[PDB]
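Presenting chain A:
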Amino acid sequence: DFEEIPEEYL
Partner candidate 1 sequence: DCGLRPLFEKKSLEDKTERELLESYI
Partner candidate 2 sequence: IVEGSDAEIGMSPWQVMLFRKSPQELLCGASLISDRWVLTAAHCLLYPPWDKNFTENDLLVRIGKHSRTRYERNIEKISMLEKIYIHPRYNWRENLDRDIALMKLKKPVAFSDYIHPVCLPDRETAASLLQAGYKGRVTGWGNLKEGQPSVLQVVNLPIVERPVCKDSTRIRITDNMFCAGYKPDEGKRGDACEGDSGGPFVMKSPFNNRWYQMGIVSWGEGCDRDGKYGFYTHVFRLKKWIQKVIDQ
C-alpha cells in the first residue's frame, strides 16, 4: 500500500 520511506527516518 504504502510506498517506502528513507531509512534515514526509520
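On the choice of candidates, all candidates are chains of the complex that A comes from, given by their letters.
The working rule: a residue touches a chain if its C-beta (ideal position, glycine included) is under 8 Å from a C-beta of that chain, and two chains touch if they have at least 3 such contacts; residues count from 1.
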| item | value |
| --- | --- |
| Which of 1 or 2 touches chain A - same complex, any copy | 2 |
| Residues of chain A defined as touching candidate 2 within the complex | 1-6, 9-10 |
